[PDB]
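One structure below.
Below is a slice of the complex: some chains, not all, each in place.
For reference, chains read A and B in written order, and residue numbers begin at 1 within each chain.
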């Protein structure tokens, strides 16, 4: 799994389940092209977004729909989404885990990058 | 101050000085219109971005050039930038402080929203 996203809920102390996210890749004309999308599982994880062959060098954006998550819990949050923009694979293939820890007015995000 | 941004360095335990950022506002066609910009002071703060009259309801994006900050310290960071996307002023004017705490592979952000 070259790209995995894990989302945690800092209010409830749980994985953030059924969180939608969209991945984009910067095109040659500097526009954001749709790349992949999905929803987190009961473990707060989204696996299977891409493959080694498809996940080429580039600038990628993961846009996590935190707003819908909070609104479904009756909370009016601050952010429209949490987004993570990064260059991937520019020194050869790597495995990326993007983690996001969510609160209504705050988020933290980190990356774990491993060389297979 | 209708909109202030404060940036902190989690590696050195200091304000993040001379950090550049642009602020955009979403246009009716979903493109990002230039709205404000600047760089952080020696206190890690950027004041004077906008005025109360100009800062009306909209979706705003603060795009913080964290990559240039880390590169100046000889550190190859994960993110291209840190971005904070939020609706502002939908219930009339508020004062917004956006804080960002930076590490090479991670950032945390929070908002303090106060009614004038």
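Worth pointing out:
Basically, a residue touches a chain if its C-beta (ideal position, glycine included) is under 8 Å from a C-beta of that chain, and two chains touch if they have at least 3 such contacts.
Of the identical chains making up the complex in this file, 2 are positioned in the shown model, whereas the full set numbers 4.
Quick note on the criterion: only the chains that are shown with their structure count from here on.
Bringing chain A onto chain B by least-squares fit of CA atoms involves turning it by 180°, to the nearest 5.
Of all the residues in chain B, the ones that touch chain A in their complex are 59, 78-81, 83-87, 103, 105-113.
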